[PDB]
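Novice: What follows is the residue order along each chain.
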Amino acid sequence: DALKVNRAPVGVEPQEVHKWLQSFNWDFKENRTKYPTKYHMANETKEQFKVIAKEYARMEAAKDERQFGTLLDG
Amino acid sequence: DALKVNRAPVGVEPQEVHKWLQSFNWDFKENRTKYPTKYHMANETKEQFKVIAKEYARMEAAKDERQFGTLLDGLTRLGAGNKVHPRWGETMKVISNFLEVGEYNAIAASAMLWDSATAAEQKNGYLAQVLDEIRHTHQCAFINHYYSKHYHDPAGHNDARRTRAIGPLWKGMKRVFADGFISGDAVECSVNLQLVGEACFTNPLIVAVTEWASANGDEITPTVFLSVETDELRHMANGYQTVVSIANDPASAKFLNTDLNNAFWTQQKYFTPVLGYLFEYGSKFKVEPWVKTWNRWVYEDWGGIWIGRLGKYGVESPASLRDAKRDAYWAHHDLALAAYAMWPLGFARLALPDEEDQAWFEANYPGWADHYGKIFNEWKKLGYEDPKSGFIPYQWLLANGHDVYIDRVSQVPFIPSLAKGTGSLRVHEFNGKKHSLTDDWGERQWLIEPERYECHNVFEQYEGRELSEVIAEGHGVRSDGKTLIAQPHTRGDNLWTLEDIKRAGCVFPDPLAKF
Amino acid sequence: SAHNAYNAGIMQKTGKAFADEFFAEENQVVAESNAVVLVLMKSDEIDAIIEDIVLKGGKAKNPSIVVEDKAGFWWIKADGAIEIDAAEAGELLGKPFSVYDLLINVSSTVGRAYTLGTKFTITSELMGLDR
Amino acid sequence: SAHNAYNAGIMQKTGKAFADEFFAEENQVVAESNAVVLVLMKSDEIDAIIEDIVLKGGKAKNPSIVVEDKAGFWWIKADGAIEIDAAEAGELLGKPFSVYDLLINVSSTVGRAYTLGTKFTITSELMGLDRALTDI
Amino acid sequence: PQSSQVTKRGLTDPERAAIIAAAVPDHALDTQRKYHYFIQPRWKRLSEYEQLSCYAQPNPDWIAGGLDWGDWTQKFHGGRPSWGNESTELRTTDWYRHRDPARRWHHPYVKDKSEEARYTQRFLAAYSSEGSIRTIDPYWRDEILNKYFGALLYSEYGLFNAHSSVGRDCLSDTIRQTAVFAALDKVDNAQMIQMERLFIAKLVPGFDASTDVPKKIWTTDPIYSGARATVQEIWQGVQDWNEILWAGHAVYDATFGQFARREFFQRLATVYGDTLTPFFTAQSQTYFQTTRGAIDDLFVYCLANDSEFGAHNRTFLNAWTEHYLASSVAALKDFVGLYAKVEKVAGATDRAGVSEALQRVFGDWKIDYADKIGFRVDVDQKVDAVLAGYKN
Amino acid sequence: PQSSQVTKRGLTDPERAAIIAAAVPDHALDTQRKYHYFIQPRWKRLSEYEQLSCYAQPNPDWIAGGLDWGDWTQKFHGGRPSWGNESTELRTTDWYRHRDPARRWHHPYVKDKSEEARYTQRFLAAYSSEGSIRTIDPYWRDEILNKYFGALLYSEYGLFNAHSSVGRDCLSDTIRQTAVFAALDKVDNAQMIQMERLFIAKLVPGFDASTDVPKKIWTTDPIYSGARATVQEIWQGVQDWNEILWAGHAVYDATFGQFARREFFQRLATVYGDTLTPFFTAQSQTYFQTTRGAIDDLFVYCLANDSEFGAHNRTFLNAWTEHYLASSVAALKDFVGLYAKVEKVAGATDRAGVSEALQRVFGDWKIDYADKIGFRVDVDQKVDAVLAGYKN
Amino acid sequence: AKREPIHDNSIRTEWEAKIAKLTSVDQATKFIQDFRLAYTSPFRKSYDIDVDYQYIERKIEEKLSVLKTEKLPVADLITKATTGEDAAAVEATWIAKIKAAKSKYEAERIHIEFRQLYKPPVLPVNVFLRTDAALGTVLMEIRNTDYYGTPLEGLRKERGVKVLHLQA
Ligand SMILES: [Fe+3]
Ligand SMILES: [Fe+3]
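Chains as they are written, first to last, in the entry's author numbering: chain E, 12 to 85; chain A, 12 to 526; chain D, 3 to 133; chain H, 3 to 138; chain B, 4 to 395; chain F, 4 to 395; chain C, 2 to 169.
The set of hints was computed from the structure by calculation and includes no laboratory data.
Take these hints with a grain of salt, some might be off.
What the hints assert, rightly or not - Computed spacing ranges between beta-carbons, pair by pair:
1. E/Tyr50 / F/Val241: 18 to 28 Å
2. H/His5 / E/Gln59: 23 to 33 Å
3. F/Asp387 / D/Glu93: 46 to 56 Å
4. F/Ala25 / E/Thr44: 55 to 65 Å
5. H/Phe24 / E/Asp38: 29 to 39 Å
6. E/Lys74 / H/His5: 27 to 37 Å
Unchecked claim - Here are some chain H residues pointing at chain B (derived, C-beta under 8 Å):
7. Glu93
8. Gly96
9. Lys97
Cβ atoms here follow ideal geometry from the backbone N, Cα and C, with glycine treated the same way.
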C-alpha cells in the first residue's frame, strides 16, 4: 500500500526485456518483406546473443574507449 | 503562458553555476576552522579554474579512459610490462609506492585546506583537489598492480604496503611529503604542500621521471604519471591564491619566510638524496645528471619563476638553499652507500654500477671514482652479489669505523666519515635519551619543538636482533617463504635466502652507545 | 630564445666547469626569472596543437618560445606568457573541444595559470600582487 | 592434440611437397571437421583468462585444446567445444565482468557460438539440426 | 634541433631494446601476481577496489589494524599525532574493516558521475526544445519550488562542508574514500538545485534564479530554522569524525533530508505538473542510497558489531541518535509549516497525506538504522510530534 | 613450443625495427594530412563526423553528387541497380549534402546511449530502495499506465521497423546514419516501456508486466485504431524511403507520437503522483528532439530548398503531409477517447486542458515543419477535429 | 641490549595483564594519567618501554573507554572528564593557563601536560580536540616569533641538553 513495499534494490537486466521482444510483432496482411526472394519458408527463430538497445550501446562504447585510448594516447 | 515559450535548445554550462558558489556560504558564529593556525587574515579569493562536481567528473573520467585504454589494451598486447630494464622495474617498486603515500597524505592535507578556507569558492576548489589526491593514490597503486601482473618480478610490487615497514628509507618518506604536510598549521599547507611540494618538487618527481622510465623501456609509468600531474595545475593555483592573501597582510606575512624555509629544507632533505639515488643508481640508461635535473627544475625554474618573482613582495630566497645545492651534488651518492650497504632491509633488487656507469659517474661528478667507486668495487670483490659469500656491507662499515646514524628529525641516514653532502653529527642527551641530529636546520626544529619529533628509528626498534629475523618477521620474503624480496643483483639466478643472510651474523647495534 | 633552452647557461657545462659555476657564490640565492614553463603530455590532440598553434601563431606572437622533445611530453619555455585557445584547437581537430578538454593533456606549469573563456594562459604575472 | 595445431598436417610441408598434397585429388572437396576455432584479442583480461582458465581447467576438461600466440591475438582450436564462464573470469579479475563484458575481446569463431547465463560456448554441434542424444 | 638530448626509448630503439632483452631474466622470479594478496577479502574473491585502496593509509600497530610500527615522524605542536585514537570516541579491532558495497575507488566514481553530467546537458537541451515547462503550475514554480527548493541547497552545502574535518581526521583509506565521495555528492546536490533554477530562468521571463531569496529563507524563515540549527551543529559544532558521519547521513539527512527531497519536492512535483524537478531529484536520491550503503557498512557491519567494542560503540551511537533525532524532529516540525502555503491536494498535502509521508520516513528510518543499532523508537510518537507543526 | 612461428613485431624487435627505420624516408612525402580534405565543410572547418562519414557510399556520377563512374558491377535480376534514382520521388543536385546537426558517427552515438544505459540501472536500484512507488495513484498505475502506455510500445516498434527498407534503399552515407540511429532510438523506446513495466512488477504484487493486455489493446481497442492503421501504412505500405522518413518522424510521430508520449503519459504522470514514468519519458523525448534535428536538416535545408528541385520536392512533401496529417488527426481523434477513463483534473484532463494540449502539439508542428515546406494548416481546425472525439 | 619482536613480546603481554585487573573508572583514570606522565612526551619519567608504550597506551584507553560505557550515565560521557570535573571547566582552565604563559618553554609544558592528563578517554573527544587546537594555536605563535633569533649554542642551553658530541 502507501506504507509497505519491498525496498530490496532491483533493476532490470537485458535478458529480462529480451524475453518479451518476440511478442512485439503483430499480425496484419501487409506485414511481409518488400524485397524479391526465392525463400518463403518459416523462419521464426531465436537470437543466440540476447541484446537490447541500451546493452548494445554499453558493449560497443566499452570496446571503443579502449581502442581510442590506445590510438590517441599510447 | 500555457501555449507560448522559447523553445531554443539551452543547457547550463559549468561557469554559469560556478558564479553562484560564493553565495552558498552563510554567516554564523561557529563558522570557522577547527585546526590550529597562525594565519588569521582575510582570504576571500576567486578560483582560477571554475569547476563544479559534474564537470570535475567529466574531465577526470575522460583522462582515465585514455589511460586505461593504453594500459589494458595497447601496452598489454605489446608485452610492454616486461620490456623494462630490471634496474628500472625495481626502481618503480619504490617510486610508485612511496609516491602513493605522498598522494595519500595530500588527501588529508587538502582536507585541512578545505577546512581552513573561508571562501565557498576555495572550499569548492579544495574538494576537487582532495578528490584528485585520491585519484593519484589509486593511480600509483595501479602502476604496481600492473607491474605485479606483467613484469618478471612481482615481489615487492605486490606487497610494499607492508614490506616497506622493514627498512630505513621508508621512515623518511613518512615525513617528506606526508607528516610534514599534515601535522601542523592548516593554512600553512598552502606554503608547504603547495608553494613548495606541488609547485617545486612534483615536477622532477612525477614529470621528469617519465623520461627516465621511457629511456629504460617503461611506457606504463609515463602513461599514468603524466596524467597525474595534469591535476597539479589546479593545486598550485589553489595554493597561490592563499599565499597572496598571506603576503597582503603584514601580520600574517611575518610568518611566511620562516615557514617557506622550513618547508623547503624539510622536503629537500629527503627528496634530493633519495630521488637522485633512485634516478642514477636505479637506472641503466641515464637521461642527464641528477644535479642538472635539480638545477633546471628546483634552483632555476621554481626558484626563479615562483620564489624570485615573489621577492618583489618580500619573499626571501630560502636561507637553506646553499646547503641544499651541496646536497644536490653529493647527497645522493652518500645515500647510495647506505642503500647498497643495507640492501636486505629493502624490497627491491639493486645493481652495483657497471663499468660504463662508473665512467658516467666520474665524468659528471669528478671525484666519484676515487671515493664511491672504489668502495663499490671492493664490495664486489668481497662477494656483494654472491649468496655464498657471507658478506653484507653494513658490517664492513662498522668494522672500519663508518657508523650509520639516523637524523631524529628527517629520518635520513648519515655516515659522517664518508659523506660529502651537507651534514655534521650533533648528539645530545635530553631527559635520559640520546638524539642524533645532522644539520643546522633540523637541529633547530628539534631544539625548539622536541615533542613534535619522537620518531623511533630502526636501530632503536631492532637493537641486538639478527638481520634475518627482522626480515622474516616483517614478511620480507617471496612466496616460497625463504628467498628475500630484496637482492644485491638483478639477475635471475643465485638469489639470496634468509639462511644466506643469517650466515653473515649481522646484529643491529646502538649507534649512540659510544657517546 | 637561447636563454629559454632546457640546456641553457650552466647546463651546457660538464665535469669541473659545471661544479665551479654550480658552487659559485653568486649562485647560492635564487634569481628572478621572467619565464614560464608549460608541459604538454604527448597525444594526438596535443601533437597537432604543438605543430599548428604553438609553433606557428604562438611563436610568431612570442618569438622567445622554445619547445623541446622530452620523450613522453613536450617541454615549452617562454618569456612572459604562453596561451592556447581551445576554440582554435577545436577548429583544428574537428571535434568538440572546450577549455576543459584542453586540460586533459596539460601536465604541468611553472608560472601563474588560469583559464578565461575558451583560452588557457600561463603567465609570469603575479596576479593579486602586481598591478 | 597435435591435429589441432595451426601448422598441422599439410601445413608442415613446404615447396613441392606442399603443392603435391594441396593439389591431390582427395583434397579437392571439403572434409568434415569436429573442431572449433576461437580467437581472443590480447588484453589484460584476456591474457589472464588464457593463463588461468583456458590453459588450466579448460585443458583439463578438454585435453585436445591447442593455444597459439599470433602476436595481436590468441588462436585456440579444440575438438568438440570450448567454453568460458564469465563468472569464473570475474572472480579472477576482481571487477564487474558479465558475459557481455567477456565478448569485448572475443574476436572470432569458427563453429556454432552462443551465450547462456554467464557462460560463452562455441561448439561443433549444429543446433536445430543435430538431434538430442538424451531425453534428460 | 633542440638543446637537450632526444632520449632514445628502450621499448622501440633497437640498441637499447637489445640491451634490455639481454638483462631481463628468462623466467619469473615469483609466482604471486595478485597485488596486495594479503588483504583479507570481504567477499568471495578479492576485488580490485580492495587491492587499490586497502592499507594505503600507513597506520602503525597502535592504531587498530595498522601494519607499521613506531611513532610518527612529525607531530603537531604539543604532540597531537598525524592520525590518532583521540580523533573519535568509537573503537574497533581494525579500522580497515570498512568496505563500500558499491566498491568505489576513484575511477568508477567519476565514470558514473560523468555519465550523469553529459546526459543532464542533453536532457536540458531537449527539454527546452520540447517546451514542456508550459504545463507546470505557476504558483508551485514561483512561490514554492524557486524559493524553498532553492533554500534547500544550503542544507546540502552545509552537509558537504561537515566532511572537511572528516577527510583530514578519519582513520582508514576505505573510510576516507566513502567520506569524500559522500561530500562531493552533497555539493553536487546543491549545485544541481542551482542549475535547475538557472535553467528555468532561461525559459520563464521574470523568473529570478539569484540565490538572494533562497538564502534569506534558509537563514531567517522559521520553516528552515530547525534544519539550519542542526546542520550548523553537525558541520562546525563537533569534530569526532564518526559523530559527523552518523549524525549527518544516518539521522539528519535520513529523516529531514529524505522528507524534504523525496516526500516534499519530488513527490509534490508529480502532483503540481512539474515535469522538470523529478529529473534532478532522481540524482540526489540515487546519491542518497549509494551513500547509505557505505554509511550502513561503516556503522552497522563494522562498528555496531565489532567483536570487542560493538556494545561500547552502540552506547555512543544511541546517545548521538537521541540528540540528533530530537534535532531532526524539531527541524521537520518547523518544515511542515510549508504545507500551509501550498494548494490542497487530498492524500498529498492534507493532514492524512502528510501523516503518511512522515510514517514512511520515520518507519523506513527505524528499519534502516534504528533497529540495527538497538535504538528503540516509537514511530507514531515521532509522527505526532512533527504534526504538531502542521496547520490544519 | 607451438607449431607456428612466434612472429617478431616490427615495432619492438631490434632487427626488424632497424630494417624498418632504414626503409622509412627522412621526410614526409606530402603535407596534406587532412583525411578527405576535399569534402565541402558545412561548418567553419571540416568536422571529424564529416571526414569519417562523407563519400563512404560509392555512388557514380549518375546518382546526383556521386564521384565515381560507370554502371554497378552486379544488379538485381531484371536490372534494378544496387542503388538508384528509382528509389524515391524526391530529387536533389547532391545526395551527400545532408548533415546531422548532432554530428553523430557511430562512436559518439553509442557513447551517449551507454551513459543512459548504465545510469538507468543505478536509478532503478535506488528507486526500488527508496520505496517511491508507494505514492503513485493505483488506478493510473494499473488501469492507464500499465495497459495503454504498454500498448504504445507497439507504435514505437512499428516505427522502428519502418526503417528496414530505408536502411537498404537510401542514397547517401549521412542519411543512412541518420535513419539507422533513428531506428535504434525507436526500438529503444519500445524496450524502455517494457523495462518500466517489468520493474513495476517487481515492486507491486499482482502487477502483470506481460504484453498480453497491451497487445490486445494495440490491435483491437478503438483508442489505438487510427494510430495502428497509420503505423502499418508507413512501415509496410510504401517503399519510397523519403516518404517513410517524412511521414514517420515529421508527421505521425511529431503529432500523434508527441501527444501520446509528452502530453498524455509524461504530463499526466505529474498530475497522478507518478515519480517513475518521467524518468523513462525523459529518454524518449530527448531522442525525439535529436532525431528531429537530423530529419529537419534532410527535408528542410537539403530537399525543400534544393537549388534546382526545392519546389518539386515541396509538391511531394505537401501531398504526403496532406495524407499523413489526416491519418494522424484521425489517430488523435481515436486516442483522446482515453480521457474518458481517467480521473478528471481541471486544466489537464477536462476539455479546456485537452484543447490546450492539442494547441501545443499542432501549433509547435506548424512552426517546426509545416511553415518550413509551405504547407498551409489551420491549427484551430485540427484541434476541433480531434476534440470531436473527446467525451465531455 | 636485545629487543624482543615488534608486535608480540613479554613487555606488551605483561602490561595487558595489568590492564585487565582495572575494574572502575576512577582506578583506570588514575592508571592512565600515571602512565602518560611516566612514559609519554619528552618530559616523561622513563624510556624503559619506549618501543612499546604507544601500543600499551592504546590498550589502557580501550579498557577505560569500555568501563565508561558500562558504568557511567550517558550525560557524563558528553559533559564530564573521568576525573569528575566539568569538561567545559577543564577547557577554560587550560586555555587561560597557556595564554598566561610567559615564554615558549612555559607554554610547551602546559600543552604537553594537558595532553598527558586529559587525552581521551579522560576528556570527551569533542571538548579535547577543540581545547588541544586552541592550545596549539598559542604554542605555534609564540614559537614562530623570531624563530631564527637564538643561535644554536644558545638554544642548546635554553633546552638544557647535555651535549655529547659536536662534529668538527
Ligand atoms: Fe597528487
Ligand atoms: Fe597535488
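Novice: Any hints from earlier that this structure breaks? Give me their numbers in increasing order, please.
Specialist: Of the numbered hints, just 5 does not hold.
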